[PDB]
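Trainee: One letter stands for each residue in the lines below.
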Amino acid sequence: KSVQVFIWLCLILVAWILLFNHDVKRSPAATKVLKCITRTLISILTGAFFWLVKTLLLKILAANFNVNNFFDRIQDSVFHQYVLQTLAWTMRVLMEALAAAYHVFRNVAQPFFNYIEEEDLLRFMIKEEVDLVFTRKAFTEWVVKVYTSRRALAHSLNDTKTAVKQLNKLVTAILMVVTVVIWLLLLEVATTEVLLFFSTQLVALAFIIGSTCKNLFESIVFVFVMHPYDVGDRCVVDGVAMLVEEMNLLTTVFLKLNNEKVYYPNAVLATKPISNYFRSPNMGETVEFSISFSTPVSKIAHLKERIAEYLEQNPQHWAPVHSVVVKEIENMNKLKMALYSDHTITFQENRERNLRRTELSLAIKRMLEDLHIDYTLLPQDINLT
Amino acid sequence: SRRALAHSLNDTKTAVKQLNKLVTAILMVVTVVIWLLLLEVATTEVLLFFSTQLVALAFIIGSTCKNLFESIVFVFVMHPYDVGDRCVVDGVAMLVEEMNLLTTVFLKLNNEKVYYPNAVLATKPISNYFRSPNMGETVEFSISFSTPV
Amino acid sequence: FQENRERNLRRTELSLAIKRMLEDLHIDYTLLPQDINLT
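Chains as they are written, first to last, in this note's numbering: chain F, 1 to 385; chain A, 386 to 534; chain P, 535 to 573.
No lab work stands behind these hints, which were simulated from the structure alone. Hints may be right or wrong, so weigh each one.
Stated by the list, open to error - What the simulated footprint calls covered on chain F by chain A, stretch by stretch (three residues with Cβ under 8 Å from a Cβ of chain A suffice, anywhere in the stretch; the number is not a length):
1. 51 to 65
2. 112 to 123
3. 197 to 206
4. 265 to 275
5. 357 to 367
Stated by the list, open to error - Heads up, simulated BS3-like pairs for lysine-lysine below, C-alpha to C-alpha not over 25 Å straight-line:
6. A/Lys493 / F/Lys214
7. F/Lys256 / A/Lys493
8. F/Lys137 / F/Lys1
9. A/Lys509 / F/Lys59
10. F/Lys54 / F/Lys127
11. A/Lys402 / A/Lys451
12. F/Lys299 / P/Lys553
13. F/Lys299 / F/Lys272
14. F/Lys299 / F/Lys256
15. A/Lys493 / F/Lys336
16. F/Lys35 / F/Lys54
17. F/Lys272 / A/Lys451
18. P/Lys553 / F/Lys304
19. F/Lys59 / A/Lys402
20. A/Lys493 / F/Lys327
21. F/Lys25 / A/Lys509
22. P/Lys553 / F/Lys261
23. F/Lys214 / A/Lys406
24. A/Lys509 / F/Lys365
25. F/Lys25 / F/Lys35
26. F/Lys365 / P/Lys553
27. F/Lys1 / F/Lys54
28. F/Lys137 / F/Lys214
29. F/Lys334 / F/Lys299
30. F/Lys161 / F/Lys59
31. F/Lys137 / F/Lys127
32. F/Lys54 / A/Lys406
33. F/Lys145 / F/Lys127
34. F/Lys25 / P/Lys553
35. F/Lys214 / F/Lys161
36. F/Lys272 / F/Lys327
37. P/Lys553 / F/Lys1
38. A/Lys451 / A/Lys493
Just so it is clear, CB atoms sit at the ideal spot from N, CA and C, and this is done for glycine as well.
Isolated chain F (complex conformation):
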């Protein structure tokens, strides 16, 4: 549409120029109005070119956001469509897009059949498709997680669209003011002195509002170019974790672990480190405990073997890889000990991570209790009088 209107306007301008290109001076009054009209056509042509470049910038930004998120958005949409069947166009579909779902899934599954019914999937989709898509409780949990992910993707898309719309409004206002001033200058109504007075007032005001649109530009380049995080991702700033809520050009709203709303200046974040749990791979875990310096090495080996067995017998929560490291020796009476292991998920699920850490700590406590590992304070010698 933009190129069509641009060609329309340019053809109109050239046609007008050709008609009056001939040197036919109807009257001195006609010349002034003709010059004013031509200046108006040139000014509106410049405005149309500005609009074209503006929409080009907006479209390239939208395409960058698409390459960033629309792939996962379309994947989630396809997964949801496949699940529903078992039980651009992609951008439009994404924009358009618990107990009840679990009940529906259970009803679809054959009675007294915990595993997914192959016949039901086959009748609704091909066997290969069903296998690729693939415990009633596990299926319900997966459906709930997929729905939550789709909702988060929709919220992220809406936030990005709102930010792009606000940026479009701002740049359109800038274009409007630029084109009106361009038309005024072309019309040549103001004399010299007033023009330089306007110029000096303009450089003054330019410094004034530059002191702020510098921060604005930093914020937009931060949110767009670096793109450290998306909506709904858990991030840590200054050592405190929080969840992204709203993406604005000048600010970003975050929710702390205590459901406390926080407002941040986007410009400041550009000068601070940002960590993302959602984008990070499976995260590690650390536990701390201490034992006596007199503990035999055999007990330490037994504890290591028990830890390895416990970790390998629970793959769903902890990966087989693990390590036990001695930190430091305190007066050769206390031996600092720590265990390192990796979850099967990231820190995004804070509640699940905390529960798993508590379970691991309880397991370590029990295992230490059975092994009879004891810690004793340094003996004190007392001389009576």
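Given chain F's structure and the hints, the job is docking chains A and P onto it.
Mentor: Below, chains A and P without anything else, positioned relative to chain F:
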């Protein structure tokens, strides 16, 4: 090691490609404006209005391409580290993941992704484990003052 | 230090060796004696 070298080469190629795109856009805008000026279509007053708008916008986007230039001179000229090398910043170790013109992605010991502004790193010390020689070790323990020599 | 896991394991092994060697040598640490006057 071969996989790490391939990843480093790919990251360097991607950074060079992005820099090429940026400089090519700058060249394109420069040449179009040069052609427009040579054609001599605009009159005087509009030319100085364009000039003042240009110096204004130049300050605006300079406030940021200054940091951009600092980041590129940091990643290229100093070249403190490569992809896959373990580095320590502010006393915390991490692993290089992605090399971007404006930022560098690092992974902490807990497999925690971190994003840094490349401009800031230029003003902070950087230590590289991969490029360093064999490292030392220290252990701490205490004994009684009455221990015989 | 690039191999953080290997470095940590080697440090732990060295610490255990130091612990054992100190244990065999019978090196002991004692807190400063405290004098108590009853009433």
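Trainee: Against each hint, give a clear statement of whether it holds in the structure.
Mentor: Taking the hints in turn, this is what the structure says about them:
1. 51 to 65: violated (count 0)
2. 112 to 123: Result for this restraint: violated, n = 0.
3. 197 to 206: Coverage by chain A holds here, the residue count being 4 at a Cβ distance below 8 Å.
4. 265 to 275: holds (count 5)
5. 357 to 367: violated (count 0)
6. A/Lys493 / F/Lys214: 32 Å, violated
7. F/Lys256 / A/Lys493: Since the Cα atoms of F/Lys256 and A/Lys493 sit roughly 22 Å apart, the hinted pair holds (cutoff 25 Å).
8. F/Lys137 / F/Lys1: Roughly 51 Å separates the two Cα atoms, so the pair is violated.
9. A/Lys509 / F/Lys59: 37 Å, violated
10. F/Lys54 / F/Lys127: Distance ~49 Å between F/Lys54 and F/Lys127 Cα, so the pair is violated.
11. A/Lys402 / A/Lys451: With Cα atoms ~20 Å apart, A/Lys402 and A/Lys451 stay inside 25 Å; holds.
12. F/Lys299 / P/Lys553: Holds - the C-alpha atoms of P/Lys553 and F/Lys299 are around 14 Å apart, at most 25 Å.
13. F/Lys299 / F/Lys272: 46 Å, violated
14. F/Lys299 / F/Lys256: 42 Å, violated
15. A/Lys493 / F/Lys336: 22 Å, holds
16. F/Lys35 / F/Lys54: Violated: F/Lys35 and F/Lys54 sit about 28 Å apart, past 25 Å.
17. F/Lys272 / A/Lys451: 18 Å, holds
18. P/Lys553 / F/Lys304: Measuring from Cα to Cα gives roughly 18 Å; hence the hint holds.
19. F/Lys59 / A/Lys402: Holds, at about 21 Å.
20. A/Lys493 / F/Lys327: Status holds; Cα separation ~19 Å.
21. F/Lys25 / A/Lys509: It is violated: about 72 Å lies between the C-alpha atoms, which goes past 25 Å.
22. P/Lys553 / F/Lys261: Cα-Cα ~51 Å, so violated.
23. F/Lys214 / A/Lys406: 24 Å, holds
24. A/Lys509 / F/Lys365: Violated: A/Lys509 and F/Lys365 sit about 42 Å apart, past 25 Å.
25. F/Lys25 / F/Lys35: Given pair F/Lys25, F/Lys35 holds - Cα atoms ~12 Å apart, limit 25 Å.
26. F/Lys365 / P/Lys553: 24 Å, holds
27. F/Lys1 / F/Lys54: Status holds; Cα separation ~13 Å.
28. F/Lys137 / F/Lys214: Answer violated: F/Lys137 to F/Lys214 is near 53 Å, above 25 Å.
29. F/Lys334 / F/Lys299: Measuring from Cα to Cα gives roughly 15 Å; hence the hint holds.
30. F/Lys161 / F/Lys59: 12 Å, holds
31. F/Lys137 / F/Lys127: Satisfied, since the Cα-Cα distance of roughly 22 Å is no more than 25 Å.
32. F/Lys54 / A/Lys406: Holds, because 19 Å separates the two Cα atoms, which is no more than 25 Å.
33. F/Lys145 / F/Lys127: It holds: about 23 Å lies between the C-alpha atoms, which stays within 25 Å.
34. F/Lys25 / P/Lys553: 109 Å, violated
35. F/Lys214 / F/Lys161: It holds: about 23 Å lies between the C-alpha atoms, which stays within 25 Å.
36. F/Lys272 / F/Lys327: Given that 25 Å is the threshold and the Cα spacing comes to 31 Å, the pair is violated.
37. P/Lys553 / F/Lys1: 79 Å, violated
38. A/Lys451 / A/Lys493: 29 Å, violated
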